[PDB]
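Below sits a lone chain in structure tokens, taken as the form deposited without its partner chain.
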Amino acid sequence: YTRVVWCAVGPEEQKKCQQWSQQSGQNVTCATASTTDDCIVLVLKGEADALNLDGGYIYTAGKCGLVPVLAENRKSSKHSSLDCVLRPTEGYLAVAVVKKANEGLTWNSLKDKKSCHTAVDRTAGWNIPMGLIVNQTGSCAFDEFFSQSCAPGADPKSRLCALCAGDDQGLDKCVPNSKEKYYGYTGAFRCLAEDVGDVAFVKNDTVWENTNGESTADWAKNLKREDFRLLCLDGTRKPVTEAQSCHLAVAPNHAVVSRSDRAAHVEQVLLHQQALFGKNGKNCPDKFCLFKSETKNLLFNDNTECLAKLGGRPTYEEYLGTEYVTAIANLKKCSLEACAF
């Protein structure tokens, strides 16, 4: 009965979640929805207890009263001593990526180009880039900036969805879940890698994990780090090893959210679950690995070492940071006291 109902987004996260449930002796059970927003609603209704969310969704969930519980903690070895779970999270680097061979393409020449986004409302693939575009362009017409784009979650008949491919059967075009071929970090990077788009708004870690043999996936096997360039905000182009000096912003780590009244219980269960299926987990990579899904980032990002405790008992605004929270407000004025359901 001290069971947590996780919310899976899409049928792939659903399959993984059921695997995790089977392996957990049903201490973790699953609910599934077609979109992250839908999953947030199941949580709000009390039909689900939690899910891991990108910062852009943390904001949406936050206005509706959901709270940050644990955050993804990546592999970084500085802040050396502390165990991952107590280690402060460092946020990730949102970057704008292009093909090297696409010479001359700079932040300054993006208008009317083809773009690849993780999804609408996500931090690196949308809020940061479009916030900057809107900032600099003076206009709220961010649907008219790129000639065509794949921005999962936008209107399927609009140009913002024109580049999306849907699933293997061409169905679910532009849906904001993994069925969409160009969804999320990897999908958006694939959109760029296959030259469907001119630029991809992902994070620094995405380019590395999908190049120089790190993938084995058909589309990425032959990808070489040198064939890509990051677009700095000053107009220059740098190699992807220069992310620390050429990025659009550092994003708050994806984090697990739940209803305030269920947070403590979710925190508790989760810590026990990762001890079992986490990075050094008791049953991983033997029975089941929570943070692994063949580089598809299902439920959690695949580069997650562990889920770490937060700190000054973070409200959702403190977790995202004032800088980021203001940015989203300024961007969504284009579409404070809110929620949306």
The other form holds:
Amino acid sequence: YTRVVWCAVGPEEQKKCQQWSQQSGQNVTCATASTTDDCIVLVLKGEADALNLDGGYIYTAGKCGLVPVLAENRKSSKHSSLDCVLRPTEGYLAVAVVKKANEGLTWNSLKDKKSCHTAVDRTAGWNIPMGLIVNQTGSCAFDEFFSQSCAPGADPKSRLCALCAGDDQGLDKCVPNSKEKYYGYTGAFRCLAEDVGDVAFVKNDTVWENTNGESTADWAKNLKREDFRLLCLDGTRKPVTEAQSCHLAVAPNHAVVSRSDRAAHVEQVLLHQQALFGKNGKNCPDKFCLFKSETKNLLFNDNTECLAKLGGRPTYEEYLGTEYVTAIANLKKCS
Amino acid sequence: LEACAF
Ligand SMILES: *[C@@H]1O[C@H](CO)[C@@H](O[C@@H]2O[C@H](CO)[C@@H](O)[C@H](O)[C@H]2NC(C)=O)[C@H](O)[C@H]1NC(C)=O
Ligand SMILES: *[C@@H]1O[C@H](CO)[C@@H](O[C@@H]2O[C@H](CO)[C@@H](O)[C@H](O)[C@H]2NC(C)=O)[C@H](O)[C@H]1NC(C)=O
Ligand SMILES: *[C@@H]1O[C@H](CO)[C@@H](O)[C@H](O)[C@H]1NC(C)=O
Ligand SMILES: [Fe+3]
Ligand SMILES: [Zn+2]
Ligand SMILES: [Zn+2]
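So the form deposited without its partner chain is up there; where is the form solved in complex with its partner chain?
Then the entire complex follows, led off by the chain already shown.
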């Protein structure tokens, strides 16, 4: 068998990857790059094997010939006797989140407000909301819609990065990795929690996992769910218990991609590494938990129960689904 | 809506 070379995005991921590599007896080793697109290039060069990707990045990777291998499966809403690895994935709910106290704001008055996005090119943070906004405004000028934003990966001098904050030192402002304070689901939801933004584009799970004590993180530890509302596309505002009726889209779960030539082996190695380090794995929490990182969603989302086998050996289009593929293609026409 | 970005 060969070792599998994981690609870690930024130094926090790299630190986790190195602990995993040590715990796996070097069955997994680590390459690191600054951004997800760079990891994708290491994988296309064959200098890394795999990483787990949001569906907007799966589209980038898939256009370049990389293939989905296993998908993130979180706890199911409904009962299933099937093992996690075989239980079908469900898709997460992209939402637009505001503060309850910001009473006047709805979907229809977002123009000129401040927004917080997980990063450019990610599903709930970018492709879904900006694709909807471009379509509804009839204008590709999405860089001018919000007065200011944090949208990691955008030009650091532009309004789309104005609200980003960088790392502890204020370096790396707007870089699309966990060094940036407002990066990712938890960093965009923190951008809203701290009222840096008026709106955060994240998924439903984000709000629940970072409120009412579910996170002990200093910035989250004291947030109340009731202080937040979801923006629905019909212009109404709802409590965050209503995401199933007040979302912008259902997103394909994050998934591992690799070169086609390495997919079989990546899939076999990961199935084994999660038997050891996954949720109730033989060596988690004793030795190392592959799906934990103190809320920071490093390498995998912290809410991942297991990586699950895909039905029908799907291509990346099949995996993402035809509508979402078309939605991205249409939005990408703007650039 | 075509080629690899890299
Ligand atoms: C929104 O996300 C939250 C967090 O994932 C979901 O709430 C969880 O649902 C699971 C399965 O029902 C429960 O067993 C967990 O206890 C819940 N977590 C928390 C922190 O309350 C919720 O179901 C999602 N809402 C929708 C409509 O999908
Ligand atoms: C933005 O608008 C485009 C243009 O209508 C949407 O694309 C259409 O999606 C439907 C269903 O997926 C297809 O049958 C049409 O053929 C598509 N049109 C084009 C030009 O491809 C797209 O879904 C919208 N983006 C969103 C909703 O995020
Ligand atoms: C590493 O992989 C080898 C080969 O499959 C396997 O025998 C061993 O159990 C694995 N050990 C760890 C810690 O992953
Ligand atoms: Fe995502
Ligand atoms: Zn829906
Ligand atoms: Zn197929």
